[PDB]
Amino acid sequence: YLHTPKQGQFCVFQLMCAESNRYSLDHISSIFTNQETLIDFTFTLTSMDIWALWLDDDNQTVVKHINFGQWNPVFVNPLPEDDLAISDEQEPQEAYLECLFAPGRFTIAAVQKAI
Amino acid sequence: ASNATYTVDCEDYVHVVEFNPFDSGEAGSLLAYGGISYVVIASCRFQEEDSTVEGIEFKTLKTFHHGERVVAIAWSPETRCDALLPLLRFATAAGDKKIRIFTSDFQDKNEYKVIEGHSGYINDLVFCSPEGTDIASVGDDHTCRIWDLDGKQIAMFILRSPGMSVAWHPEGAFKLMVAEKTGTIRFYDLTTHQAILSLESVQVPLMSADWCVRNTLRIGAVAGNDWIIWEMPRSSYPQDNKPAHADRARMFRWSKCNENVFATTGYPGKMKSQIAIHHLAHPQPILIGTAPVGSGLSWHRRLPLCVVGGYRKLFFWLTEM
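Just so you know, the protein sequences line up as chains Z and P, in that order. Mind the numbering: the first sequence is residues 18 to 132 in my numbering, read in order. Mind the numbering: the second sequence is residues 98 to 418 in my numbering, read in order.
Next up, chain Z with everything else stripped away, as it sits in the complex:
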């Protein structure tokens, strides 16, 4: 992975050894990225994929993979919504408790830390 200020680039190479113990890189592929910030990447020889993890301009989590120019998206889970709509018929307490204790809704460690 080559980080540049305008655009990122991936390059995949094969290592070649000639009869004279001379090593060279053979060039397999080159893949451009958007203005997203790269956190990590790996690649598999079983599937021939590059797996890559980024943040966008709003700091949301972006994951994509590509067989080594289109990146396949991973549907990452959004964060919970900023505002909770409460009906005129709902007790505010019940609505907020249901949201907070909902499966995958929140992590104990955060609530225990706020208390």
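Worth flagging that the hints you see were computed from the coordinates, not collected in a lab. C-beta atoms are modelled at their ideal positions from N, C-alpha and C, and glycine is treated no differently. Just so you know, not all the hints are guaranteed correct.
[To be verified] Incomplete in silico selection of chain Z near chain P, CB under 10 Å:
#: 1; residue: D74
#: 2; residue: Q77
#: 3; residue: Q110
[As the list claims (entries may be wrong)] FRET-style restraints, in silico, Cβ to Cβ:
#: 4; chain 1: Z; residue 1: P109; chain 2: P; residue 2: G269; range: 16 to 22 Å
#: 5; chain 1: Z; residue 1: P109; chain 2: P; residue 2: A378; range: 32 to 38 Å
#: 6; chain 1: P; residue 1: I255; chain 2: Z; residue 2: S47; range: 56 to 62 Å
#: 7; chain 1: Z; residue 1: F92; chain 2: P; residue 2: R331; range: 45 to 51 Å
#: 8; chain 1: P; residue 1: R257; chain 2: Z; residue 2: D73; range: 53 to 59 Å
#: 9; chain 1: P; residue 1: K195; chain 2: Z; residue 2: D75; range: 55 to 61 Å
Chain Z is already provided as a structure; the job is to place chain P on it using the hints.
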């Protein structure tokens, strides 16, 4: 087990019993009880109110054919026995999921109106206006519904579980209490149609809740095996929680004369339904009565006396104050 202080024979099984909590202008206390297919209205006079009565004077005033098993009875505040303009009004819920409003002059004019719209069994109902114009009902359809006397639905609150008990606030206008089977007690404002507040029980199922008329900050209920008391606005948590019955509590009712006395009933059980009368200052019941199979629990308006319906009998316990 204390014997009942007084016992009155009835024609059939008593499924519900309610004293008139209002002043009817008569010397006797009005009592309603629901059978398999009828509602009886009676006058009760006790030796403790009039020294000319030996024990209990029980007089049937009127019998209404209902045709269905009555599950709850609510008195209208307009109920008067005054000779100038006698008016009997009460509401009933039955196994057919309908409310019936009965009106009578204690003479020949006997009218009833049927109200439909609950999709599940009605568990409880009350008059929810000082003027006696509005009825609140709760049931297994997970609704609390408000009705005029015309049978039009004025309001509907969606509950999170079956509504098990409903009570009008004794002093504060527009405040309805609704007890839900999952342990939540909600308060609704009938002017704003909004939930104001909730309480949560530590045990489930919550089966009955009542307001203390003498101290409107106190709520009592039965949930699981235990009786539970809250004092508002101090906490959403119970102030007291103690065992009421060895196997499932069913009804809770506050005494109308004493803010520290209440009665509980066990569930229609193999060990004959126990009535337990509690005093908050005591860790144990002050009185334990046995009724062979009994449903309904009500307190006399003035006397420290409670009634439970049973197999073809009403059982009365006087509590020494």
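Hint-by-hint comparison with the structure:
no., hint, verdict
1, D74, "41 Å, violated"
2, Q77, "34 Å, violated"
3, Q110, "6 Å, holds"
4, Z:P109 / P:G269: 16 to 22 Å, "20 Å, holds"
5, Z:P109 / P:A378: 32 to 38 Å, "37 Å, holds"
6, P:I255 / Z:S47: 56 to 62 Å, "60 Å, holds"
7, Z:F92 / P:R331: 45 to 51 Å, "48 Å, holds"
8, P:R257 / Z:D73: 53 to 59 Å, "39 Å, violated"
9, P:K195 / Z:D75: 55 to 61 Å, "57 Å, holds"
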